[PDB]
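One chain of protein is taken out of this complex; the other chains stay put.
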Amino acid sequence: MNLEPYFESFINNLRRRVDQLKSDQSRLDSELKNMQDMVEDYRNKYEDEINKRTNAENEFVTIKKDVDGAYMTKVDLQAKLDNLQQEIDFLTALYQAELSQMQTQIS
Amino acid sequence: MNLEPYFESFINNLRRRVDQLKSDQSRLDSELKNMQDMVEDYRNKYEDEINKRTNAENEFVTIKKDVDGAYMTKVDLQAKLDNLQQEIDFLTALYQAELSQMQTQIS
Amino acid sequence: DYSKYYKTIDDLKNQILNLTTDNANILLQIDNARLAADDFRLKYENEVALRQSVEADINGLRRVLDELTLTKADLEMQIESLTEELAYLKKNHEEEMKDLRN
Partner (left out) sequence: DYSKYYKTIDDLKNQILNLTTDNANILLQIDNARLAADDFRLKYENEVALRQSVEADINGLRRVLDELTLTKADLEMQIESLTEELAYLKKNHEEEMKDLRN
């Protein structure tokens, strides 16, 4: 008979396709592992950075509390100054009037 | 004596300051309430919109699952076509060889 | 009496201080309210823009699913025409054998 040689030809073409598919596989294994390494990197950058942002949130809250308090004081004190000065002006003109009155008073 | 008129003057100036402070207060009451109304608005826009985004996340996951499956099939079927066609070509040339051999065979 | 004028003035001083501080407190309530807003705002802006991005990527997925099922269907029909071509070649050989038995 004489069937094989053509069988052999076709099998060789086949073994070609399988060889390519194995090489492809390996490559995709590597690219996958590399993408996983990257995924874990990005995940860590994320987690780490939400810890960073949250501790910054807290630092902010504290400084803002200090500011709020200090505005409270400043307006309190400024108001008390306004009181003292206004009282000064008043008392000056008054005391001038006190001397004026005592003086022109029947002894 | 004659102390009052100056007292009265200063008290009137004072009553001026207090009147202004009361008006200010009222205004700040209103602006605060308005800012709270706005705060609740922005909070609701937020909450509502994270529900919106999350249900969109789910819709996405589902469609992507369907796509993944369908790629899986397509490559499976395409591969099976590749098989059938390759087998065709092979079988044609072979059968030509089968007739060639049968023919030139000692009867 | 002189003293009574004094007493009023003092009462009124204390009122000014109470009202001044009270106003200040309210204002601080406002500033902190603004800030809280701004936080919720930025947070919402980012949530929205995200929802949008995901929905658009979804538009992409729709497009590729549509074309993909088109290609699927096409291939299926070609598998039918090819399974056919196969069978017909089988029969050809069978008839050649019918010649052998002759």
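By written order: A, B and C. Residues from 1 in each chain.
Heads up, the rule we're going with is that a contact is a pair of C-beta atoms (placed from the backbone, for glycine too) under 8 Å apart; a residue touches a chain by one contact, two chains touch by 3 or more.
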| item | value |
| --- | --- |
| Shown chains that the omitted chain touches within the full complex | A, B, C |
| Chain not shown, touching residues in chain C | 42, 46, 50, 53 |
| Residue numbers in chain A that touch the chain omitted from display | 1, 3-4, 7, 10-11, 14-15, 17-18, 21-22, 24-25, 28-29, 31-32, 35-36, 38-39, 42-43, 45-46, 49-50, 52-53, 56-57, 59-60, 63-64, 66-67, 70-71, 73-74, 77-78, 80-81, 84-85, 87-88, 91-92, 95, 98-99, 102 |
| Where the missing chain touches chain B, by residue | 64, 68, 71-72, 75-76, 79-80, 83 |
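In the analysis below, only the chains that are shown with their structure count from here on.
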| item | value |
| --- | --- |
| Length of the line joining the C-alpha centres of chain A and chain C, rounded to whole Å | 21 |
| Chain centre separation (chain B, chain C; CA means) in Å | 1 |
| Residues of chain C engaged with two or more neighbouring chains | 13, 16, 20 |
